[PDB]
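Chain A is already provided as a structure; the job is to place chain A' with the ligands on it using the hints.
2 protein chains.
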Amino acid sequence: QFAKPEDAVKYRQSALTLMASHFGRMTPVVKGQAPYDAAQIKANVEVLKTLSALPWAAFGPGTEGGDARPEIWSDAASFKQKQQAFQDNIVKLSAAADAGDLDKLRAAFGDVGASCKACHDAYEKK
Amino acid sequence: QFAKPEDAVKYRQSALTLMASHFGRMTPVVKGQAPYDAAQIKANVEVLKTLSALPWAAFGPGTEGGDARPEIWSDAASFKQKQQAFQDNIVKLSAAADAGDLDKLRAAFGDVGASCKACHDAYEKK
Ligand code: HEC
Ligand code: HEC
Numbered sequence: 001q002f003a004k005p006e007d008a009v010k011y012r013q014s015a016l017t018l019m020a021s022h023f024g025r026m027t028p029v030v031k032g033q034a035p036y037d038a039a040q041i042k043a044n045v046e047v048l049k050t051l052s053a054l055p056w057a058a059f060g061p062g063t064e065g066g067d068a069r070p071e072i073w074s075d076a077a078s079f080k081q082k083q084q085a086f087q088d089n090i091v092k093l094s095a096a097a098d099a100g101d102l103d104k105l106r107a108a109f110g111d112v113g114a115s116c117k118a119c120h121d122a123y124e125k126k
Numbered sequence: 001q002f003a004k005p006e007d008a009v010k011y012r013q014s015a016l017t018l019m020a021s022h023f024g025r026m027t028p029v030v031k032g033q034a035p036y037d038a039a040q041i042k043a044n045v046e047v048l049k050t051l052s053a054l055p056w057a058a059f060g061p062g063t064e065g066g067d068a069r070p071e072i073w074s075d076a077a078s079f080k081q082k083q084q085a086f087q088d089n090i091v092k093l094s095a096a097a098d099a100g101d102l103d104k105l106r107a108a109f110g111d112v113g114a115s116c117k118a119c120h121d122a123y124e125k126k
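Line order of the protein sequences matches chains A and A'. A prime marks a further copy of an entry chain.
At position 91 of the first sequence (counting the first as 1) the number is 91 in the deposited numbering, and the numbers step up by one without a gap.
At position 125 of the second sequence (counting the first as 1) the number is 125 in the deposited numbering, and the numbers step up by one without a gap.
Don't read these hints as lab results, they were simulated from the structure.
Ideal placement from N, C-alpha and C gives every residue a C-beta, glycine not left out.
Where hints are given, some of them may not hold.
Away from chain A, derived, C-beta distances all over 10 angstroms, residues of chain A' [claimed, not checked]: (1) 5; (2) 36; (3) 39; (4) 64; (5) 71; (6) 85; (7) 92; (8) 95; (9) 112.
Facing chain A', from chain A, some residues (calculated, C-beta under 8 angstroms) [as the list claims (entries may be wrong)]: (10) 10; (11) 11; (12) 14; (13) 15; (14) 18; (15) 47.
With the rest of the complex left out, here is chain A:
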């Protein structure tokens, strides 16, 4: 869906920005600094689930650029392992949200955050 590589870059950056806001806005809730409304969090995690699937297809062949380390295309299977582990971690977060359990949410949120950081450390340029 991208006319030029720059268009894929701008898409993925926007998806990651949004996806990120939907993750990070839950931090006060997971810390107990804001109240826990199970329905509010369930709805937000549903948005995060949809967003979380979007970036990867905008790292297609020929889409090099932004802060994407070149190692993303040359090691495709591995990049794919990091992405699929992250979304599996998002499935767990959904399960915790859908069940309405703050303890399970906290644990699942932590796991997701670790997956974000793992991909960051390997595949995002300094």
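Just chain A' with the ligands now, kept in the frame of chain A:
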């Protein structure tokens, strides 16, 4: 969810960028230049539906900036009419996609596009 107004601006711009890619990538299909796969379009419209709901809450009080004309906050009810007409037009697009009908999709796509342009002309800075 925004620490500073600039954070709301960056969110809404990213949401509009994404939302826009998901709309515009269907243009070749609606024109017949690309093939029509009903399931592909149904799935894409579902993503568009989710995205289409996201920008508006990032035009909250105190979030002035970007290319948002000042007229967005001083005329709140009206801004709201433009937003709600656009999402009603997105409901119709979903119905056309979910039914699997290229003629209804084309008409509904046109209606959505007109709603984008209407808000643009009134509320987006040159
Ligand atoms: C690899 C499988 C990733 C996972 C999982 C997550 N992110 Fe990431 N992110 C990744 C790359 C390769 C990049 C660079 C993209 C580019 O082309 O520039 C990024 C970037 C971000 C950004 C910055 C986006 C921008 O506006 O330029 C943010 C805010 C970000 N990533 C956040 C983030 C979060 C919160 C994640 C888990 C919820 C996460 N990312 C996962 C690669 C990967
Ligand atoms: C008002 C109810 C709007 C509707 C409906 C749509 N858009 Fe719009 N858009 C609107 C504003 C006020 C702005 C400016 C936001 C800012 O603070 O800068 C925009 C901006 C865009 C952009 C640019 C985003 C960027 O990266 O800076 C795009 C690509 C865009 N809008 C596209 C678009 C499409 C395709 C729409 C219908 C599917 C649509 N917008 C509707 C206001 C409104």
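Any hints this thing doesn't respect? Which numbers, in order? none
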